[PDB]
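In the block that follows, a single chain appears as structure tokens, in the form deposited in one PDB entry.
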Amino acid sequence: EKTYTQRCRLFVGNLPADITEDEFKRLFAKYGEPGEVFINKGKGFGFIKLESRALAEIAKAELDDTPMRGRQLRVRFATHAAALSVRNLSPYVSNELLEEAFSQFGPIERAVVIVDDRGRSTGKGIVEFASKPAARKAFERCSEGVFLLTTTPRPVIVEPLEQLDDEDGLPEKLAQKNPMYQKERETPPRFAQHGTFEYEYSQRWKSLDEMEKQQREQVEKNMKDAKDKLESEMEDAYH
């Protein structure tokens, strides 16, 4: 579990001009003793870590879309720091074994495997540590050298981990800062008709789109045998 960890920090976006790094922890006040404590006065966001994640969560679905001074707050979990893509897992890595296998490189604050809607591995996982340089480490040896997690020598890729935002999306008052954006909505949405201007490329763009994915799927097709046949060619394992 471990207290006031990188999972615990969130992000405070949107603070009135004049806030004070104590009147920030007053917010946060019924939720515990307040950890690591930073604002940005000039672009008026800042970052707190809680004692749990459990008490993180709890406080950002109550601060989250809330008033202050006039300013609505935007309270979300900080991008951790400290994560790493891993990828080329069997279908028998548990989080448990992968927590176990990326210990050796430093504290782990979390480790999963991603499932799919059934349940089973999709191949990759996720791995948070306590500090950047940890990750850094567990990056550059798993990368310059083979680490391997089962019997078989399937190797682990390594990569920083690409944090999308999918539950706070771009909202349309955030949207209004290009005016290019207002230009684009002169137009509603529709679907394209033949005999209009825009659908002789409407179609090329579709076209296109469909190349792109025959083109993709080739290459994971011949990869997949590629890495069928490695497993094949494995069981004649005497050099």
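Here, rigid core means the biggest group of C-alpha atoms that superpose within 1.5 Å across both forms. Positions refer to the first chain, counted from 1. First, how it differs from the form deposited in another entry.
- Positional change of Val37 between the two forms reaches 2 Å or more at the C-alpha, relative to the superposed core.
- Superposition of the core reveals a Cα shift of less than 2 Å for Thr150 between the two forms.
- In the core-superposed comparison between the two forms, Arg136 has its Cα shifted by less than 2 Å.
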Contents of the next structure:
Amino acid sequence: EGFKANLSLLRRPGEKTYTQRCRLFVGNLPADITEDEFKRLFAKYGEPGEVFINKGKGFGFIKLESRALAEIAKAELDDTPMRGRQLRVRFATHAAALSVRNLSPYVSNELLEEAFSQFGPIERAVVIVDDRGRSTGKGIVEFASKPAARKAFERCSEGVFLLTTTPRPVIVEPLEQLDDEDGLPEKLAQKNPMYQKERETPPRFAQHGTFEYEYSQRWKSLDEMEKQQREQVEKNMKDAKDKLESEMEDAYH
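May I ask for the structure of the form deposited in another entry now, the form deposited in one PDB entry having been displayed?
No partner chains or extra molecules come along with it, only the chain itself.
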């Protein structure tokens, strides 16, 4: 296909096609929606991948070839009319992603992928970096399937998985996925009859002498104590970890 080859230019070097990162959620679909009509909606974005539709609930999923194509489709189709309803197009939440931590600063995206590839087919692996491009010691591993993610999670929790020379065991947890795009809209927050009551008092600075001020100041102080205490735990445990290493070196000569 001519069209397909033209759109294939949007795949990035080393990018795997039709991954979960290429998957779009489409909401507010008509009740009479067919799989062909849904695909016709995405016709301009090349050859479609797996399609899922929940006709009665008015939503579906579609995988496109590359992340770029899915970014274009989302931006072009979101909030467009479809028989009396504005479509809601979002990137689908990843179903098989894991958070990895305790990474050595010398673990790259490629080493992380190559390492986790033993648990099953891998879509992507990324080391989360800061503004200067330095490793945060945290990363994300996205698998093709949920069993492969469970295998990685179960084996890394049970066993000792090491990526570099330094014996730093990778700590593996399911990825906490949060929404900072739609968030908590007022039209939705309004539903609780209590939103009306809390909004009776407008945003403000509390004044010295009031209940609001004394309570809030003491709350901040408790919050500061909480951070100190958390930092102290961290320190105490850093010392315990060091004492462990020293004692381990002596015993294992």
